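S.K.: What follows is each chain in one-letter form.
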Amino acid sequence: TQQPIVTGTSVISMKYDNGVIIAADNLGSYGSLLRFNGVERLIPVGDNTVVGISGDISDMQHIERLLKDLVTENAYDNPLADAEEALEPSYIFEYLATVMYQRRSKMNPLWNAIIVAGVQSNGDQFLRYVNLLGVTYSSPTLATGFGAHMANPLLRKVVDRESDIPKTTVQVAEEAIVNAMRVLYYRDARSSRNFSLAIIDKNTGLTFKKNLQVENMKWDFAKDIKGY
Amino acid sequence: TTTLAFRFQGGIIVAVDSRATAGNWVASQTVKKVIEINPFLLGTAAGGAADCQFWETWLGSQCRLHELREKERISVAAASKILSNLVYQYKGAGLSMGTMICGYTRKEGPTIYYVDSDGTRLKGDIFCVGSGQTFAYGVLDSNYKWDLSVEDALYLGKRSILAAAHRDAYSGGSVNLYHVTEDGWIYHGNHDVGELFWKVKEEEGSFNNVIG
Amino acid sequence: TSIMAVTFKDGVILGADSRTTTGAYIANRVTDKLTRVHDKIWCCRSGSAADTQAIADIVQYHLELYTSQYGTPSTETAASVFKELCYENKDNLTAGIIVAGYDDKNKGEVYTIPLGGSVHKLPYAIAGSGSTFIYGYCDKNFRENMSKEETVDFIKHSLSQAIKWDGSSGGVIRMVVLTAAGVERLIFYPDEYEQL
Amino acid sequence: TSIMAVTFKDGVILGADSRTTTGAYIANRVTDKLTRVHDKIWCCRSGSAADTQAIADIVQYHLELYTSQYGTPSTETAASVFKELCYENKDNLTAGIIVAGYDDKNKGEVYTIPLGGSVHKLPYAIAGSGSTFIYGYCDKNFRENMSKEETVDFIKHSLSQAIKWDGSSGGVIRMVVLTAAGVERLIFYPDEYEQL
Amino acid sequence: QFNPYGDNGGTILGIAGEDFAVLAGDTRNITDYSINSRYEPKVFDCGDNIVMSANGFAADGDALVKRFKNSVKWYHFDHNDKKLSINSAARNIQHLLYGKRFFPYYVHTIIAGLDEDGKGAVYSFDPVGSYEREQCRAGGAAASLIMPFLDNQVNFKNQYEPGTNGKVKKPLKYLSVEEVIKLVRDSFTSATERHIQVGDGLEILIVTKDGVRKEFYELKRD
Amino acid sequence: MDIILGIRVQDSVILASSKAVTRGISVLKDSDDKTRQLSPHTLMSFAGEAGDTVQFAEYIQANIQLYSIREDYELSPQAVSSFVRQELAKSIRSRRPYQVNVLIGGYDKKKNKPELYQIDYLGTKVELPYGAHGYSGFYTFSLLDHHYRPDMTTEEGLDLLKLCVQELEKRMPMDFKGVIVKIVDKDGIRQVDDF
Amino acid sequence: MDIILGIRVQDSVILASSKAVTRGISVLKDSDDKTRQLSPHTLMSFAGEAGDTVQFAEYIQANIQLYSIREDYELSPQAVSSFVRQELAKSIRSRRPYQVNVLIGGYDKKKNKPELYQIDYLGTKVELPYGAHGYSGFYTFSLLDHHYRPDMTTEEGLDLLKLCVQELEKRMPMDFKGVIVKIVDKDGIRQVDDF
Amino acid sequence: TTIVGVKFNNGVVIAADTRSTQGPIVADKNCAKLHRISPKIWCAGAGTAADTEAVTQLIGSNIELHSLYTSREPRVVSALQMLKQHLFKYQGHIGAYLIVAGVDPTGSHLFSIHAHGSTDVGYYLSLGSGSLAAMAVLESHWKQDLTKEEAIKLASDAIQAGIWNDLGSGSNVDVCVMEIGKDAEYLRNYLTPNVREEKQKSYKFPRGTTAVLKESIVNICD
Amino acid sequence: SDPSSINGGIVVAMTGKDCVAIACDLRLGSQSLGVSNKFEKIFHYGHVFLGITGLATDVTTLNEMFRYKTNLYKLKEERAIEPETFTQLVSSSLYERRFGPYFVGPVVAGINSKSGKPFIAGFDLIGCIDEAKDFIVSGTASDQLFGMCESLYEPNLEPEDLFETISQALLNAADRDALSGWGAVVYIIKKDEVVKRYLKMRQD
Ligand SMILES: *[C@@](C)(CO)[C@](*)(O)[C@H](Cc1ccccc1)NC(=O)[C@H](Cc1ccc(OC)cc1)NC(=O)[C@H](C)NC(=O)CN1CCOCC1
Ligand SMILES: *[C@@](C)(CO)[C@](*)(O)[C@H](Cc1ccccc1)NC(=O)[C@H](Cc1ccc(OC)cc1)NC(=O)[C@H](C)NC(=O)CN1CCOCC1
Ligand SMILES: *[C@@](C)(CO)[C@](*)(O)[C@H](Cc1ccccc1)NC(=O)[C@H](Cc1ccc(OC)cc1)NC(=O)[C@H](C)NC(=O)CN1CCOCC1
Ligand SMILES: *[C@@](C)(CO)[C@](*)(O)[C@H](Cc1ccccc1)NC(=O)[C@H](Cc1ccc(OC)cc1)NC(=O)[C@H](C)NC(=O)CN1CCOCC1
Ligand SMILES: [Mg+2]
Ligand SMILES: [Mg+2]
Ligand SMILES: [Mg+2]
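Line by line, the protein sequences give chains M, K, b, N, L, X, J, V and W. Residue numbering for the first sequence follows the entry's author numbering, starting at 1 and increasing by one per position. Residue numbering for the second sequence follows the entry's author numbering, starting at 1 and increasing by one per position. Residue numbering for the third sequence follows the entry's author numbering, starting at 1 and increasing by one per position. Residue numbering for the fourth sequence follows the entry's author numbering, starting at 1 and increasing by one per position. Residue numbering for the fifth sequence follows the entry's author numbering, starting at 1 and increasing by one per position. Residue numbering for the sixth sequence follows the entry's author numbering, starting at 1 and increasing by one per position. Residue numbering for the seventh sequence follows the entry's author numbering, starting at 1 and increasing by one per position. Residue numbering for the eighth sequence follows the entry's author numbering, starting at 1 and increasing by one per position. Residue numbering for the ninth sequence follows the entry's author numbering, starting at 1 and increasing by one per position.
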């Protein structure tokens, strides 16, 4: 039985024609106090997977260490560690999903919501969710926390079903993600302006973008608003 | 549930309903609440459904192992005590079981044992167990005699379940009849309350509270 | 909320953020927490939005009726009416109100009214959830008889920090200047104050 | 508690008040919250006195044993041992610890460890009940690569404000300077810091 | 305090014919008032012509299906590749569920297939292992909506022969695969209208002696 | 309080009511009459919370007797039962409700028919051929479902009632010290002294 | 379970125990024997939590019978009672304690004296001239204080016991369906069939 | 519920979905959440369904009497003041969450009221269980100087976001446009994107299927 | 101690071609104990029919209350109340007891005598009106009724066909609920004739 102390908010993601995109802000909240501002909540595993984590940060750092250790263990007695027997997104996910459900079954959960985004060896897009309860699901768009309520509606206008994935480019997909991050900054009281974004493409590979900011914000109409 | 079993001149009658409930939701109307442990032993099920189903089939396995080891069919007393000692180990954990171990052996004769999940174990001639046990008692007690015929006893058991099936909201579906003699148990059919009620009402002239 | 009121040479200035929350969701990001109870008597509202609103409306009614009979009320009088409501209904209210006004005799005055319903006359006052993070800053930086530009900077820098650390505070920084000249509304957007 | 640790040009300085409370009663007004886990690795303790003490003693034992086998441990290593204890026993502990140390390669380093057991490497860190009141002040006044005298003033002014507003903080301001030169203990009495 | 259970919604439905059996289930997955996925299958081919679904709390549901699938695998290893009969699969599942009697799998489980005489079979379970073979069963959130409709249209309950003065019942007969799929589709569209946790899509798994076929149909996405 | 029964037959209504008054681990009285005559051809038996029962019964009795004097006329059993129901229906949403369940047995002289009404403390009224309150019903209803016929005589009704009391004495946990039986017919109300 | 009594007279110990087994609103059995013979001259009656009672009684019975076979000798009533007390004294600080109260009636053949021990579920032992468990004692103790004499015969003891049962049947709330009486003396244990 | 309000050039538009729920069950598939307070002042309601209906009628009644008393067309601020003072008095126990809009001699207005009696002002607002789905759309696409046709599109899009993504909202989109100098046009079922598909089968029973015990003519006349 | 499920019961209403149907079960119990099998839940005031499920004391009270109100209506208006108007009266009366409500689930049914239009409506305990073209459901087996009606129903059914549809909807819904059943009544309502049929159903 836990209670989360230092926490991270929304993680949002979606699929596009050649790969997947994932994003999450750089804030570590301590209740209402916006305590830590240099927190990276996207953690790459190899050159083909990114794990986005929300919830308790102490538990996030534990999961970081587990993934770090998983890469080491996979390399042992493995000549094809950087080729055919490299870690796939699906392997990394199933491992975490196993742990999450085992911990909830021992009544001592990792207080997190996790999205594993990546590209498989055969070119297929991988995007799947798992949380403290061990609940798993996949969808063209996935989001945690407030993201589930505000981001998903916007991202589903771009990719509403499976057939919309080939029709969606990386330019269109990234634009939707960046827009969603702005909406979350307007409306989520435990969000920050600064965030990180990652793209995993089947052709161009892993592109990790740090120190992004929400911009082109509409605040001007505020001056016209008076009392109640 | 409503289950009964009574001893009489011609052996033992055993009668049960067939309804399963999940609160006020009727989960099933076609459930088997009698388990045939062997050709001479029967077990009735009332209370939690998995608890009954799981542990009474388990009981049957223990009875089979007894006759393999001892080259002799287990006594009704010993069979009932295996089950009562088992639930006693789980006392407090929250098992819910109201059971009746009915059967015939040479040394005992026709015998009925009541066993429940608090560890109560009682030998006796008449028992009614389940949510509708009181309704069954009302009809059974007021019509019971030791000298009932096999035909009359079968009907009284059937009629007593019907009485409870009618009044008790958590009983119904159909009646499963059994008769236990010195030669073993004999199945006397499944009787749907949908037809049985009106058949009984018309022929017997009872159930005058209902709009005919 | 983060709110504050600061007296200075020419009068008094009220300041506030614009964030209203229902849990962690921001119900309104452009809220106006600075409200007029009289021509040159305003207040900052923190705590329950419904309670502070209902109180402010009753006070505005009382002072309008006061003005009809006895002319312009003092800032102290306004604070007393706020107190009376907050104190007598302390069990049913969650309202932390700062009252600020400009007389010509008394110049700028600030009265703060916490949860209990007590009154405290001060040179400057801070309140709301985000005020906790700026007690240190405001104490070290406040001076008496500041200019208008200095006081605006003092409030802007203060609320900027309160907003930065408090998740329950954010949006634009609204201000209201109360002097002999009249009433002036000021607004300051994130792109300016965030990078102070 | 009010506690803080600040990196600067020559190394790092730890700072703390001296007040220990059992409710509103001050059980010890001359407490030493700055504790040595290694020659030039120290920590500031906030939260439960018993928990932080028991942890610090275990860490001091681990680092002494580390030194016997592998030589001087890094400040990061020390922070990791603190984390391991705090994280794995999060359900039974109330400990907010700041770890600060001086390497010759890495110079001054500060790691803060809140209640959860997470680790955060920072240029400077503040913690304890009284830290809430100085987030605004410390953010506005901190600069990287400060001098010793500047950093001492920054800590002194900061903790002075934290002490002034927090009832759970007070007494003397103790400090510990960690540089290549060695270890220096500083103390500052109320008569000095109160009137800053 | 930490609550180890959750509700992922959705609903499932099993019908048995003479030489076939169907196991249907909607593809919507939810928590509270949010949609997690519009297509997240929960009806699975487990081998040996057995289809299975465990609806309720998905984490427990996936765990159970995973364990049963593994149970089938080890049954082959330990008993010379013998085919696991549907009745044997049912009893095995009872022990899986009852194994966690005092910390239950929060799921209503249904399996379907063919019995050893080649006839269609549907078994259904409570969360702690009690089970029963039936011609008909709905499970999950909308079970209370669908089940009575099935009693009426599959088992012909409350239906009498016209002009017989309510004396002769409508005779029981097996339904064709065409007629059964009609009932499944109508059951789910009706449930989608009146239950918020049901919608998006319908996936049916049909089981004959030839194997396991699939069919998919769109459902309302509101 | 505890056991109160009622059976309507061809020409009369029979009410049976237990004699025990228990409090804690002591049976304080074994000859208690849990009934009041509301009018010459209307009898009400009662059971429930201590004090409430008698206070309510006598209050109703006073009101019906007042009506009788005012109009020089006896209210029908149906009319009395509707009055009683409304009083209990008011009661349930009061500050402190009457926790009393009643059976109203009466003979309607205009219709020449016996009538039995069962009303619970919520104000839930039903006309029945046979009725009971409390745990008694869990035995007697099923028993009467079997043995009751609508065209029975008063003597047949008493034998049917003896069958109920015997079953209750056999299967009820508590000793209720037998019952007081009363018959309501065209000639009014009378008590059976040997039961 | 509920009513268990005990009376020690000049030459014997008499135990009376109720026959009812009740569960919910149903008397499931009315001929239950709430006792076990521990040894030829030692009898133990019991009452308490369902299941626990018989499980404990039989467990004790098994242990005493085991001792008898091992030593080819009968333990004294005092020795058996001390063994029983210690088992209950262990029990009370267990994870799930036996909630069983017992009376141990025995005849000591070495002393030629009857002995009655009352032990509760906590392991509280007392030797008494007369004893009872549960609510029974609230009536029987005062009654026996008055009517008991130490030099009474077995027949006088049975009449004294009849006086107790009559009082309990009059004033107890629950129907306990009479009692099974057993006598322990120099000639062993025997049951009174007509009580 | 999902409800929105959007301001434009020469007036204001409000919209709402048409789902009503009891627990997970859809009670009404086409209920009316847009309420007329006065001819040119309309109110969108979320929360306890009876409360939003009752409170809007009561204030609407008193507004009509006030309009007759003063010989003036009613103002939105009057409805706002009366609604908030009423709701405050009941300390939130009347669970009405309202978006109040309209045109009056002062101009065009848009407000929101919460159950406890707090009021907000804005150019675009959203309340209800799907307010986050709606607000996401509004924040993404809203701009200053919207036209009538653009505002209707934005408002209905914001409701659609709730319909599809929120389980507490569904069915159809109702709209009400209040332009200055014109009559307010109430567009009932402006969009109907959730039409039920043709059923696979007709369940019309053969006459005589149901068993009957008694028949009788009922007298409805005097 | 949940007022809406102590006594038990159900009501359902449907529209057809120039006709309406309303049906109810007959059970009244006290939790598990079935007490009465004659307890009708449908009443009528002139040509307007009202079904009421829920706590039985309130069912009786409200019937008596609406009889009271419709009788005064008729005396003052000099005409029978219409279904649309009566629906509004029910809603007002229920909301009058907002913070101490009647624990009921009423259902109005009837044909407007002026326009000839079939009309049905449902309410929650607190007064919220639920109008419908097709059908209304109420009671302890409302989930079951929703599922039956949503599948079995089709528009413009003839009175004789509509009888079969509503009867099968009620019967099969009732058999899946422990607190509902024990008999049933169906009202078929045409413009100027009303047929009342008692259904044969399983008595458990
Ligand atoms: C009648 C119907 C009253 O319940 C009988 O006791 C009946 C007996 C019976 C026997 C064999 C097969 C089916 C039915 N019992 C039930 O139908 C039983 C009622 C009951 C539910 C819960 C209980 O708590 C332990 C005790 C009795 N119904 C069930 O067991 C239903 C089908 N399943 C569940 O409620 C699942 N629960 C069981 C308890 O653990 C959590 C999951
Ligand atoms: C900051 C945001 C937080 O303290 C301010 O105090 C702010 C003040 C404000 C907001 C709008 C207009 C004027 C002034 N307060 C809020 O935004 C306030 C937070 C709050 C809620 C409840 C409180 O205790 C009763 C105290 C503070 N938000 C609200 O009042 C919102 C509109 N309403 C709710 O959250 C509903 N509450 C009602 C009271 O019960 C809890 C749910
Ligand atoms: C300031 C004073 C308050 O937070 C500091 O955190 C200070 C830190 C400190 C003190 C001495 C030496 C090193 C560091 N903490 C305390 O003074 C602390 C206050 C505190 C008590 C309990 C807590 O939760 C477990 C958290 C903070 N005081 C104590 O630990 C004193 C010595 N002990 C008690 O008050 C007894 N406690 C034991 C825990 O349960 C409550 C009663
Ligand atoms: C969406 C659908 C919420 O899911 C809307 O808020 C909707 C608003 C609405 C307005 C006018 C007409 C129809 C619908 N609200 C509801 O449909 C509402 C949901 C709700 C239930 C309970 C609540 O708090 C206890 C709050 C909202 N449904 C109802 O009010 C239904 C008709 N009634 C009930 O569920 C019974 N009420 C009685 C009053 O006490 C609470 C439960
Ligand atoms: Mg029944
Ligand atoms: Mg101090
Ligand atoms: Mg939706």
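Since the hints were derived computationally from the structure, they do not count as laboratory data. For each residue, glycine too, the CB sits at the ideal point set by N, CA and C. You may find that some hints are simply not true.
[Claimed, not checked] If you anchor each label on the Cβ, the simulated ranges turn out as follows:
| hint | chain 1 | residue 1 | chain 2 | residue 2 | range |
| --- | --- | --- | --- | --- | --- |
| 1 | K | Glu108 | J | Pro173 | 55 to 61 Å |
| 2 | X | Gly134 | J | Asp151 | 58 to 64 Å |
| 3 | X | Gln191 | L | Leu172 | 42 to 48 Å |
| 4 | K | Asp183 | J | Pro173 | 55 to 61 Å |
| 5 | J | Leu143 | K | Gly92 | 56 to 62 Å |
| 6 | K | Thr57 | M | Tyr76 | 43 to 49 Å |
| 7 | N | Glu64 | M | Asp47 | 39 to 45 Å |
| 8 | J | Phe138 | X | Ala62 | 38 to 44 Å |
| 9 | W | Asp18 | X | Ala62 | 53 to 59 Å |
S.K.: Could you run down the list of hints and mark each one as holding or not?
M.R.: Going through the hints against the structure:
no.: 1; hint: K/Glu108 <-> J/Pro173: 55 to 61 Å; result: violated, 37 Å
no.: 2; hint: X/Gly134 <-> J/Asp151: 58 to 64 Å; result: violated, 50 Å
no.: 3; hint: X/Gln191 <-> L/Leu172: 42 to 48 Å; result: violated, 58 Å
no.: 4; hint: K/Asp183 <-> J/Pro173: 55 to 61 Å; result: violated, 47 Å
no.: 5; hint: J/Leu143 <-> K/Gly92: 56 to 62 Å; result: violated, 38 Å
no.: 6; hint: K/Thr57 <-> M/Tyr76: 43 to 49 Å; result: holds, 48 Å
no.: 7; hint: N/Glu64 <-> M/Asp47: 39 to 45 Å; result: holds, 42 Å
no.: 8; hint: J/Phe138 <-> X/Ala62: 38 to 44 Å; result: holds, 40 Å
no.: 9; hint: W/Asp18 <-> X/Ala62: 53 to 59 Å; result: holds, 55 Å
Going down the numbered hints, you'll see the structure goes against 1, 2, 3, 4 and 5, while the others check out.
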